[PDB]
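Only one chain is given next, in structure tokens, and it is the form deposited in one PDB entry.
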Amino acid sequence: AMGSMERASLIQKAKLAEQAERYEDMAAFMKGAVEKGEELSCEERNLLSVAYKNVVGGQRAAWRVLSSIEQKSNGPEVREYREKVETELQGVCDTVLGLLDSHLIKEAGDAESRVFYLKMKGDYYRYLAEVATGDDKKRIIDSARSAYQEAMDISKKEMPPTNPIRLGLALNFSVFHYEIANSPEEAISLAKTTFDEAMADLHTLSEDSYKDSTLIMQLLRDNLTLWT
């Protein structure tokens, strides 16, 4: 439905939708921009991520409310409406994963783009895993694992320990270990080593870069405090 709109106009409208807190519109404009086929700049990658994290964040918060109500109840209505929300959440994750596979990851050659998109791949498989059951579910968990692992391998080779994309990746992979993979010790180890290696590299930063890095380090510390 965005095929007839100029790429620059889709980007400009995504930014207006962000100001208006219209995140579903923002996601649809950024999906349109990706579908133009050109690589995304740093700023555009951030627009894409913000738009979908807000859309899926609303769906996840709703699904958690409904799942809690369903668990306490255990007619068909609660299950049906939790399934409705679940299906819509899955469809949003599948859309994001399709954009990453067609063809954002394969054209991303710089570390900062490749790590960003592989982190997104891990996050959206993780959202799929939160609602998955059984052993359809093992393969989804392993997909999230695999994407985070490839992102971490590149990040450790190509980026300084304070780079905010590297930090947010390690933060989200630590959440994956703690919440999805039932590996709280791996979560804690990863958040601690990430925090300590970043601390040791802060001295290399400008005031503004120091502010960006320490903000994410505080999120690692907030987790370690919840987890220990």
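Numbering follows the first chain given and starts at 1. Whichever C-alpha set is largest while still superposing within 1.5 Å between the two forms counts as the rigid core. Compared with the form deposited in another entry:
The Cα position of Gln218 differs by less than 2 Å between the two forms after fitting on the rigid core.
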Given for the second form:
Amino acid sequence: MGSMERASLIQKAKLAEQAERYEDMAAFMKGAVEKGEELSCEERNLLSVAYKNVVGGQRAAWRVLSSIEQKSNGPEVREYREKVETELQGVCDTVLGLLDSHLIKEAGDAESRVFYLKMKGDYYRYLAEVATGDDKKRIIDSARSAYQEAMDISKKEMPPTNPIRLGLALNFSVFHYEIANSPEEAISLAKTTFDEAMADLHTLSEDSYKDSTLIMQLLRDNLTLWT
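Now show me the form deposited in another entry; what you just gave was the form deposited in one PDB entry.
If you are looking for partners or other molecules, they are not here, because only the chain is given.
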């Protein structure tokens, strides 16, 4: 990717998206990030979509295999679950590496800072899903810390109905419920987020209305599930 011009890497990421070639898309976006310029909103979307598709596939596979493994409890399912797990951890590490080496430090504005810290929280969370023992504790703490920093910035700098702020709060609530065994905090966060977002929805730009209303629906749906 080093040899290709940034504009070409972005163009190819877009082509890969159209072709549903998400591994390629992610690699192109990694190359683009490594050029050392900030990403635009569009480009952050490309980066996010690419890596989430890759890890999403791996997570789904891991869940299938882990279920078979648990139901079973020869060596094959354990071995193959471990293989997929290692690949998943590799992708998460790549993303966390990009965030640490390039994206978090180089972000100027609050929106992009919060987005990248949310992403850091998310990929530590995906690591936490497969972790055991003492490693798991450290990983969970890393996720929590990233999410909390993002929350702190978003509350100071961004409107309650901002889609990044909402997506972050939704994901942090999922972290509380599914990872941190904190249902009370998950529900309280989701309900507070929903109410405060609805209270300011009349100020939200039309450009964000579809995305913010979707996230608020997901908060509602999680709240129904959790209560």
